[PDB]
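Student: Fit chain A with the ligand to the supplied structure of chain B, relying on the hints for placement.
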Amino acid sequence: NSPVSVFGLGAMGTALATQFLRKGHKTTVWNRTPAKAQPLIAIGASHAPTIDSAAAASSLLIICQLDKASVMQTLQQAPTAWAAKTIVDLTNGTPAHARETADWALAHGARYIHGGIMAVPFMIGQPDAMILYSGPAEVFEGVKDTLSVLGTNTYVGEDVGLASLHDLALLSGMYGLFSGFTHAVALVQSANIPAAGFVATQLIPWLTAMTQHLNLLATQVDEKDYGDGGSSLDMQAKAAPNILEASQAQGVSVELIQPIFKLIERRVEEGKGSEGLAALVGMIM
Amino acid sequence: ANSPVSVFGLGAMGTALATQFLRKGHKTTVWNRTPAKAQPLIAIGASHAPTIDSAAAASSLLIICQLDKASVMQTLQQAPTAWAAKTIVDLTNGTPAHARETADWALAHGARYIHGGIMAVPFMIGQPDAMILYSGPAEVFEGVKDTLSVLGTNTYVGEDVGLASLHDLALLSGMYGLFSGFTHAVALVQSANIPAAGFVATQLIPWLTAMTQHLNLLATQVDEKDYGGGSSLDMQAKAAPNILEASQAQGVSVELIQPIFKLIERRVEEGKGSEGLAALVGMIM
Ligand SMILES: NC(=O)[C@H]1C=CCN([C@@H]2O[C@H](COP(=O)(O)OP(=O)(O)OC[C@H]3O[C@@H](n4cnc5c(N)ncnc54)[C@H](OP(=O)(O)O)[C@@H]3O)[C@@H](O)[C@H]2O)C1
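As they're listed, the protein sequences go chains B and A.
Per the deposited numbering, the very first residue in the first sequence carries number 3; after that it's consecutive.
Throughout the second sequence, residue numbering follows the deposited numbering, covering 2 to 229, 231 to 287 in sequence.
So here's chain B without its partners, still in its complex pose:
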């Protein structure tokens, strides 16, 4: 099957190479440090001794390194190696990082798309694994069938920085969820209530219900029509002080939840207490 090369053999790059081998692709691997190659040599990979050698083995080149700086250090070490190849860069970073990297690649005669892996290394290979892609549509089309070995492809558009924007937005969502878990569990723990049962039987079911409610809020964001949905900001601005006061009586810091309470209060002070929660998005933009 179609050869592939993988540059960077940390946790995610190891899993990517492993899955290409499992599906029968001739897989060439490279890493700054040689030791991380050995688990992949053990299951049939070729270890390339140089960046040049890895680039010559395949026309599809996958880069999965620490950061954009490291990607640039790899590219600049063999600047004639990239011509007429397709580079698929799965290295985490900002939208700007992806645009800057694409500029260099184009100037050196390569084709370039950026991807964001929304998945833990163990999930690689499963349909559960969402991988976002951005950059020129024709470049993606030319390699998507091979890339579909790693997970479910989701192309998100032409601007090569979009996959990173989507990735970082999803991670922001997760950091909010974790903020809520932390505050809720601290409050019950302050009254010597075990965390396990509370989370399994009360917090997860409640978060599941409100996670579905997010589709209503998203519709209201698009329509710029911030109806209350039966839960007005005026009413919420009376429950939030109670959450703060009980937290303080229990000795629990309010640092993780006070920001959104100040937003809710600001909207009431603008005269729009009869709206609902979809109004907050525009306030931080």
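Heads up, some of the hints might be wrong.
Label-pair distances were calculated between CB atoms; the ranges are [as the list claims (entries may be wrong)]: (1) A:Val270 - B:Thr52: 49 to 57 Å; (2) A:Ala193 - B:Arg24: 33 to 41 Å; (3) B:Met287 - A:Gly111: 33 to 41 Å; (4) A:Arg101 - B:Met287: 23 to 31 Å; (5) B:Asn155 - A:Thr210: 18 to 26 Å; (6) B:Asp227 - A:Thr221: 27 to 35 Å; (7) B:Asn155 - A:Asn217: 25 to 33 Å; (8) B:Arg101 - A:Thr221: 39 to 47 Å; (9) A:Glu140 - B:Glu272: 22 to 30 Å; (10) B:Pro51 - A:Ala239: 32 to 40 Å.
Subject to a maximum C-alpha distance of 20 Å in a straight line, what follows is the list of computed EDC-like cross-link-like pairs (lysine to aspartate or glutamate) [stated by the list, open to error]: (11) B:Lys274 - B:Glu247; (12) A:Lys240 - B:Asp230; (13) A:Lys70 - B:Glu247; (14) A:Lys38 - B:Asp236; (15) A:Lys38 - B:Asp230; (16) A:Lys70 - B:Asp236; (17) B:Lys70 - A:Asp236; (18) B:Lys70 - A:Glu247; (19) B:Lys240 - B:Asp230; (20) B:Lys264 - A:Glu257; (21) A:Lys264 - B:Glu257.
Treat the hints as calculated values from the structure; they're not laboratory data.
Think of the CB as a built atom: it goes at the ideal place given N, C-alpha and C, for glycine as much as any other residue.
Tutor: For chain A with the ligand alone, kept in the frame of chain B given last:
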């Protein structure tokens, strides 16, 4: 001809409660400070009480769903002889202390008293995924739980009359985390003119659903006071600058998510970067 009930407060939530009692065949008497809000309920079979006194005299099970504890006290103190030998079920949002203060007054005026927390928005009332928490004397709860089971799934959480409110405010803080995450993520995609609806339905919800299951493992680690490799705080502390920098380039404020990033960084500086997210709970206690 089912067991009579009285409902005090006909805002969005109180309207839904009264509606459900009528739908299930109960003689339902209703009262509101602003009397016009009774008319949609008279239209579906309710009796409108002209006074607090008359609403209290119509039933033995008396439900109050107004705004805050101050409002409940204003209602109680207007007819101090009306409450004797009744069961008051107070579903009005407040702190644990508010529930204890209210119960003291009720007991002194010859009433029985339970406090509850409605974990549902109005349209959810009557469906299986509506959870209502209850606390106070177990025999008082026993006397009315079958009637109350019309609103949702009863969850008794103990005898201290303040416990339902502690549980309620903890679950609400969980939800405000989730909503902080939605708000930041949708602002990021909206800053690049991406519709909220498709992103939320096909990318954000499935991601949040996966990460929600991970919360069981974190809760176990909280109980065992044993945190963690896994996803070490050290790695998380590498995603955060990418999210902050991309937010700044897009003109999106970081006020909703910066707190958790600062907590994480404090734990790394204590020498415990190899621990996991469950360590955060103890830090805010
Ligand atoms: N909606 C949701 O998503 C629910 C989520 C879980 C439960 N949650 C709680 O349940 C109650 C009622 O909420 P609702 O949305 O109905 O509030 P409003 O629509 O603003 O109605 C407030 C009511 O409180 C009364 N209220 C307000 N102040 C008073 C006083 N002082 N005395 C008596 N009654 C009072 C007011 O009477 P009014 O219509 O303004 O005349 C209304 O009947 C409140 O404590 C909420 O925190 C709500």
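Student: All hints are to be evaluated individually against the structure, with a verdict given for each.
Tutor: Consistency of the hints with the structure:
no., hint, verdict
1, A:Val270 - B:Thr52: 49 to 57 Å, "36 Å, violated"
2, A:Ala193 - B:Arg24: 33 to 41 Å, "36 Å, holds"
3, B:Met287 - A:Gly111: 33 to 41 Å, "55 Å, violated"
4, A:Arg101 - B:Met287: 23 to 31 Å, "43 Å, violated"
5, B:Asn155 - A:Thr210: 18 to 26 Å, "20 Å, holds"
6, B:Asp227 - A:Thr221: 27 to 35 Å, "43 Å, violated"
7, B:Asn155 - A:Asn217: 25 to 33 Å, "30 Å, holds"
8, B:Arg101 - A:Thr221: 39 to 47 Å, "42 Å, holds"
9, A:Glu140 - B:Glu272: 22 to 30 Å, "49 Å, violated"
10, B:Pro51 - A:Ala239: 32 to 40 Å, "34 Å, holds"
11, B:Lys274 - B:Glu247, "25 Å, violated"
12, A:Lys240 - B:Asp230, "38 Å, violated"
13, A:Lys70 - B:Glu247, "13 Å, holds"
14, A:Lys38 - B:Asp236, "18 Å, holds"
15, A:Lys38 - B:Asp230, "17 Å, holds"
16, A:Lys70 - B:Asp236, "16 Å, holds"
17, B:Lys70 - A:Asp236, "18 Å, holds"
18, B:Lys70 - A:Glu247, "14 Å, holds"
19, B:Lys240 - B:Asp230, "15 Å, holds"
20, B:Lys264 - A:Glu257, "10 Å, holds"
21, A:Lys264 - B:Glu257, "10 Å, holds"
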